[PDB]
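Work the whole structure out from these sequences, hints included.
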Amino acid sequence: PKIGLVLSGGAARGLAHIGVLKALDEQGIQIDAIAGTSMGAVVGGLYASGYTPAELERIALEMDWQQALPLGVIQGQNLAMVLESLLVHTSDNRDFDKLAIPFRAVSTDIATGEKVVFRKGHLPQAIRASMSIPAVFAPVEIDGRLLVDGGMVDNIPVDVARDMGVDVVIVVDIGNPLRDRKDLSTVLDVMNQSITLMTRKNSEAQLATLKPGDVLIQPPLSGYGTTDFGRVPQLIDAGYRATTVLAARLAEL
Amino acid sequence: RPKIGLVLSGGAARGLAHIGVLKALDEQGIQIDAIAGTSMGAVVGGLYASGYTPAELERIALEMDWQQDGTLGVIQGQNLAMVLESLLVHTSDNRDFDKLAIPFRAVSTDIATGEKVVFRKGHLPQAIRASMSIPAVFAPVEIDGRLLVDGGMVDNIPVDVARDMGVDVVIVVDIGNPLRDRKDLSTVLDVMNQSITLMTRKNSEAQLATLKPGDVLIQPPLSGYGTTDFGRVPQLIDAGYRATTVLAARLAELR
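So the protein sequences, as listed, match chains A and B.
This note's numbering puts the first sequence at residues 645 to 897.
This note's numbering puts the second sequence at residues 15 to 269.
What the hints contain is simulated information worked out from the structure, not anything from laboratory work.
Be aware that one or more of the hints could be misleading.
[Said to hold, decoys possible] Dumping the calculated DSS-like pairs for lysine-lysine here, alpha-carbon to alpha-carbon at most 25 Å:
#1 B:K197 x A:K759
#2 B:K113 x B:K17
#3 B:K216 x A:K759
#4 A:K855 x A:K845
#5 B:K216 x A:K845
#6 A:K845 x B:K130
#7 B:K216 x B:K226
Okay, structure coming up:
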């Protein structure tokens, strides 16, 4: 049976995906397709390009997050540079099905609200577009479309993975926790909260489509902030432990 | 004769078109038995429910001083509060909104939970103010321990609320919520607002798809009308009036 891996969108919490990967390889579970949004697209796409979970863990641990003309523009440039540098070996690739593992990334066309699925082109640019959280990174233009992260239209792209032809999906949902009324002090917070609501709705809808055979992994991440990169060890381990406890069920694949 | 609910969709400047609708509705002798509204729909609808005539609403709108990738309003909230409080001095606080001249409901979003919050009692100016709390324009307001923004993102076209007021038929005014073009998205604020516009359109269409035969959708022709373009109040009001005049035959079938 063909196994697809769906990595949900997010920021810091998405580092938990590394853990999941580390556990999957440890259990000898072969992935035939990967679909991701934002940090799910980053981790999943780097993995799909040929990186090992150990390498991704190392990269995450040695990364200077705090460090990485409008601020969103600058940070967008930095994002692009880091991704391009990490994915230099895919320079001559154009077909995402021809990566080490077939890959899809998800963005939102900010002009129309349409879901945009990347299956071809330049992998670092697709990942960057999918990672382009509003108010953190400036929108990216690809093929005449202005694109932001896919979170607001398809944060958990189960059906994208299924469209890649797999029979079963392993779905990792890192969650998108709402803020308390004490953490909604500024306009930015209100806007971001609205986006969070949107994201949660489409995420719930996609999760409702899971069927017998599919495996849902929800790493224990209560208390972890969206921009909390000071706890990378715990983030990775949370994803790892949540997948390890399911080894009995995963083994049936 | 059936009980008629009026549903006034949310927005800002475009919401003034509601006045036109009202002007036509009264002119055709259509009795409204209940009103449910969001943001400007709640402002126009709420003022109307408190006894203001469409002519008076038009006069108010016409004489109002509305003037009060790049990176990105408590005072605005205070002034909105002031104008609403002034217009509604004939109603007290601690009042049942079903006891207004026309039963009224206003819709807001609990920004902490994302839950819909429907006002059916209390201080009318405060409820309308909450419903009008558009993020990035008006600071959120606190009511009964809840932090509230406008209801657009959860229930921009509150049809089921109107039905919950026990009406048989609804007249539903969708003044629309247009997306900005790619070329018009310049600030981060623009992007955020665009996303809000998207979720607003989603819930709006979900509610609109529930309209039954007998109900009547009125969709005013507001194609090129900016969401905060208060420089064309006459045109705005006329659009609502024209739209309701065109559907006169469908609406006549209500009474």
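Checked hints:
For the hint linking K197 of chain B to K759 of chain A, the alpha-carbon distance of about 19 Å falls within 25 Å, and the restraint holds. As the CA atoms of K113 of chain B and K17 of chain B are separated by approximately 16 Å, the hinted pair is consistent with the 25 Å bound. Taking the CA atoms of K216 of chain B and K759 of chain A, the gap is about 14 Å. The hint holds against a cut of 25 Å. Restraint check for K855 of chain A and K845 of chain A: the C-alpha separation of about 19 Å stays at or below 25 Å, so the hint holds.
For the hint pairing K216 of chain B with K845 of chain A, the CA-to-CA distance comes to about 11 Å; that is within 25 Å, so the pair holds. Straight-line distance between C-alpha atoms of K845 of chain A and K130 of chain B comes to about 14 Å, which keeps the hinted pair within the 25 Å bound. Restraint check for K216 of chain B and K226 of chain B: satisfied, since their Cα atoms lie roughly 19 Å apart, inside the 25 Å limit.
Checked against the numbered hints above, the structure violates none of them.
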